[PDB]
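Here the complex is missing a single protein chain, while all its other protein chains stay put.
Labels run A, B, C and D following the written order; every chain starts at residue 1.
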Amino acid sequence: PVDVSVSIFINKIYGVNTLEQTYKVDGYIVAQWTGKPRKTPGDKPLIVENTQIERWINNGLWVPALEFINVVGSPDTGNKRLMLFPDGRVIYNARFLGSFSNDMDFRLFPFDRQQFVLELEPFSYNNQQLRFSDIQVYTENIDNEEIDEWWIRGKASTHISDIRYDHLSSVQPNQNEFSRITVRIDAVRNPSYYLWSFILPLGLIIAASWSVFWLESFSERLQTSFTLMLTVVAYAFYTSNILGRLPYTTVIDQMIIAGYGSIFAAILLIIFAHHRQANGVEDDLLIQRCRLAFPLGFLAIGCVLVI
Amino acid sequence: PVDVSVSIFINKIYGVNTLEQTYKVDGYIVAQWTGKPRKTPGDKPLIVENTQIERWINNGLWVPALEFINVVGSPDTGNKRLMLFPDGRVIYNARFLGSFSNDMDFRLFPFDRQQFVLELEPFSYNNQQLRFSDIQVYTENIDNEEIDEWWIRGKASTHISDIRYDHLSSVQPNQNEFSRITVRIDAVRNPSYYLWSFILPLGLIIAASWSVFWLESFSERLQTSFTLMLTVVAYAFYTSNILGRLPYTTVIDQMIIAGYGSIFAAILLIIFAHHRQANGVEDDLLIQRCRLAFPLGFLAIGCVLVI
Amino acid sequence: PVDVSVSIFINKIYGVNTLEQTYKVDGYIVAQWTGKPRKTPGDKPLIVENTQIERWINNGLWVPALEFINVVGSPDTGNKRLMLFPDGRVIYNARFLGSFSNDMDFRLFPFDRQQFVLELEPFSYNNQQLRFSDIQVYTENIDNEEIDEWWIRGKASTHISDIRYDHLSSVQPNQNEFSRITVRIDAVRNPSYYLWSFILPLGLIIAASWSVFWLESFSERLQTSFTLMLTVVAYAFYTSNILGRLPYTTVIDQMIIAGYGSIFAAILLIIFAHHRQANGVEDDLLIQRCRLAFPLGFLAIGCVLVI
Amino acid sequence: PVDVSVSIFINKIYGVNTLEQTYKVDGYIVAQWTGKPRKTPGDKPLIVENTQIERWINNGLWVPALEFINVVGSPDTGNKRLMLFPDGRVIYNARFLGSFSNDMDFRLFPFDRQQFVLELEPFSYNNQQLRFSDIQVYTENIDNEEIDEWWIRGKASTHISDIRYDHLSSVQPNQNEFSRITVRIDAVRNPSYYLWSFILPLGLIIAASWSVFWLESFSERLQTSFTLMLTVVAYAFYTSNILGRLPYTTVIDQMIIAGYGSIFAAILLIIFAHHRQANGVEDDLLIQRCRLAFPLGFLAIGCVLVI
Partner (left out) sequence: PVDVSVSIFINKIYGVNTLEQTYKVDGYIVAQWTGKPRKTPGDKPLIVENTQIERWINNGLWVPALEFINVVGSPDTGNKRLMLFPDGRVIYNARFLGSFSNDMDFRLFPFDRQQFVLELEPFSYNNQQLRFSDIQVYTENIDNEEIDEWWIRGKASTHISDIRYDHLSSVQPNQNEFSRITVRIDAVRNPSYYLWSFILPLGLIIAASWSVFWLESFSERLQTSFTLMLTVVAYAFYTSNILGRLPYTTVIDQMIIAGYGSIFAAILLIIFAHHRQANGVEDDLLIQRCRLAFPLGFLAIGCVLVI
């Protein structure tokens, strides 16, 4: 079994696609193994780049194809090199930008955490083994984080493993295990923006919706609530047009629904206080009670959301 | 006729385009047939990848071109391999990401069901037969379903068939039948998001619009209804800007129209009760009747929507 | 002059770009002519695909370049084959997806009609003639039409002609005429969606805008009209954000302008009735007259729109 | 110096990008020069297309590379031919679609005028001269203009000139001047759509905003003005979501700002009339004066906008 050691340099992780559960990775990938010794110009290692790389393969050079398992579409490979050492070593180095998929959960949206993963396997060889995997996620850890959108919690974890494929031919007795490198990078989203520009104004709106009870007339209380209803819809839209459409409701989307509920419950209470008492009494003990109880019931129900 | 057996591995189905009736499919495709025996290095099967694959075809190797019938534009083929066995077997393995089209019906939008299909035929050969089709849709079936946007009901169905092309040349007496593999995967949309963030708020709005009759004055009743009218339009827009523009009205689009109708019918009733009775009587038996009857008539018409 | 007969199979026409006046066409293109007889393996016609096609051209095989005149950018050609017959026939078959342009008029938007055209010419040869053009637009004609966005009125019409290019070199005495195939497919847009989700609610809004006269006070009439004005703007936006921005006003855009006019004319009449009569008389004979005349004047002006 | 004559056929100019100051040009490009005489099949001119063009360059044929100076990214070249004449003439013909940049000013937005320019230079040769430039902008000039988005005022102007590059090597004594063809096509935007769907409704709204003074109470006048304030914001948005974001304010963008100013100035006057006079007099001579003067001051300031 050929011993192949890879090294992965990560420059930039960006472009998270929430609907497709994908993200972009730009960086370099190096792989090194030892083969037959070779006659090289002089005795220095030979450097072969780009189009000339295919030429050595035509003359018989073995360069195994390594596939990104979780890549979504063929990645963009920039420059690529072959390092031919006289003692048999071979080092392949290539710059790449690719889009990768992983199971990503966004239910706890502004405060969510994710891990960007890479999965690397040889495309056709099981009789060749990934020897050791060193990844260098050299991006700032303490420089610009409150400024950046994602916070990388710690240096990446590596794990080389063996994957068992069952459905093969009928001629393979036992060589159906492939070497797989699995890289994991944990990251947490920066909630700062969504707090100030989304959650807070919605709170102010939802809070101000409770001040509908401080109106004196019943007509004032019911009519105004319809203008409040419109405000939530308009704010529900402002949110959606910028955030997007996930398959599941988010925290902000739950707050949006809560705004709808608070206002509709106020409409019911406002109508209730009018026609609840016999002979046209306006039940002022309710309008004044829920004048502060309606804010409190919303805070009490909100704490069970974190159950 | 050459016996060709294919295997299709499906990694990911995503990116449904409702207007174009298309969807993205990432996976692998394997095809195996038996040809002339061959001298191989030693006696082990030879592996040929990527650029070297074309070289064997230049020297005379027969590799038939298989086309995805329902593909929309050339698919992205990642790595591809040739497995050359000494006893004559040939295994072609290729990673692909492609967009496929199918007749897709979206009238019952949030609750619609679809099937993603793949259609594979030899491009030029009818004297070559697809022998058996095994597809492995190994994606979760009981892991993350309430979390994902689509729910795969069951394992995919396969069907090898014969397609008759009429309009050919004039030299083909009887060889105008091509082997076609047709794969079908059934899936149902996860309605969770559209229920909570779209259908529910619209219900709350449509319901609250009926509380206009609980206003005491006629001026109050008619003026407020115009604010309700604006609210539906604003909600119609919140919906449309996020969902899109389908060629046919959806379930949600019908509810929006129902909202418009309920409000416009309320405007008619509110004006009617005012000027229906002689000498300016306000017909209070109407405003109080439809105070609860207007909610009931909407529920009665909604049940005939499912007729 | 070489006799070349072409066949065009049309699988799918989609993605109309209203601003760029373009549309997408997926299908196949076949071309057949008779050349020198040839020695083939055995005596059966030889099949040459994809990369192997260029090789025969290197060894001298004449394969003319046919250009889509109205194509917008190089189209995406999938698989391509050459059928080499021993008696001299040559059949070129290629799958393609391309974007084509034509003069498209959208002034009668929801009810507009269009024709999708294809124009095919030899790129460099005038001494070679397109012999006959058979196109197979085998898409449903009576299956799913009320469901699809476009309705194909009938099977495609074809027209082979000769195009005279003037500005050529100085050495061409008379060979400046090229053979051109022109395929035309007429289609009418399905107005269902735009009627129910756009035209109807606008009518309801415009109609309800006339109910401003059923208010009793002048203050009510003028103040409410400002909320109606806002409602049209909000609806004008809902329309535009989903449809788009054409270079010319559409039917829907004219109705929107009619909404602006109806409301603005109501403001004038509402203000007129107040200060028209001497000593502050409110001219109640006007508010009651245009209470129904304003709906009628809009219906009368709408009929002259179809003049 | 080699004498090269070019001809540029322009089929379609579309896709203006206001922010990037670019536009799309589809057409053909022809170049002709006279070189060494040549032995050709028979004695007829030889036609070489697409992949075969590169082959003649390998055997030594001189085909100069012509670059579009103001192109943004490599253009999409469709079919290309070589016409090899026996007397030494060589004609290169290629279809192309490319994006070109020019300084484009949009300050007078609906009524702006632009010129789409093409700049063509040899990439590496200064000892080779562009002999004459004929461009054929055969697009309708009197057919569909009120229907199309841009109006071409007249046939294009051509200009071959000499460009002096300074910063070269140290070995070039006098050969640092390159031949440049400069084609200019003047075009004016079709304002019809923006007048009817943008400028006119804004005028109606801005006009109707002045009718706030026809309200009798002070409370009516100030409260309504806030609804007018909201209406302008909604209309400012309807405009922007369809037009876009230019680096400078447009004519329409100025009208929007004028709407904001008129309403805010109205708020000031409405509040002014209330508390300007001692002992609570409402200064009715102001409300009735600016009832018509406020429309007049807006027209007077609007005329100085064209100073």
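The rule is simple: a residue touches a chain if its C-beta (ideal position, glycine included) is under 8 Å from a C-beta of that chain, and two chains touch if they have at least 3 such contacts.
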item	value
Option touching the unshown chain, where A:141, A:172 or A:227 are the choices	A:227
Residue of A:18, A:102, A:115 or A:136 in touch with the missing chain, whole complex considered	A:136
Contact partner of the left-out chain, one of A:97, A:160 or A:268	A:97
On subunit D, residues whose C-beta touches the chain left out of the figure	19-20, 54, 57-58, 65, 67, 71-74, 101, 103, 105, 107, 123-125, 167, 169, 171, 218-219, 222-223, 225-227, 229-230, 232-234, 236-237, 240-241, 244-249, 253, 256-257, 260-261, 263-264, 267, 271, 274-275
For subunit A, the residues touching the chain missing from this view	7, 12, 14-15, 26, 32, 45, 47, 49-52, 55, 76-79, 81, 83, 85, 89, 91, 93, 95, 97, 134, 136, 144, 147-149, 190, 192-193, 196-197, 200-201, 204-205, 207-208, 211, 214-217, 220, 224, 227-228, 230-231, 234-235, 237-238, 241-243
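Rule of thumb we're sticking to: only the chains that are shown with their structure count from here on.
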item	value
Centre-to-centre distance between subunit D and subunit A (centres being mean Cα positions), rounded to whole Å	39
Averaged-CA centre spacing for the pair subunit B and subunit A, given as whole angstrom	24
Sites on subunit B at which at least two other chains make contact	227, 230, 234, 237, 241
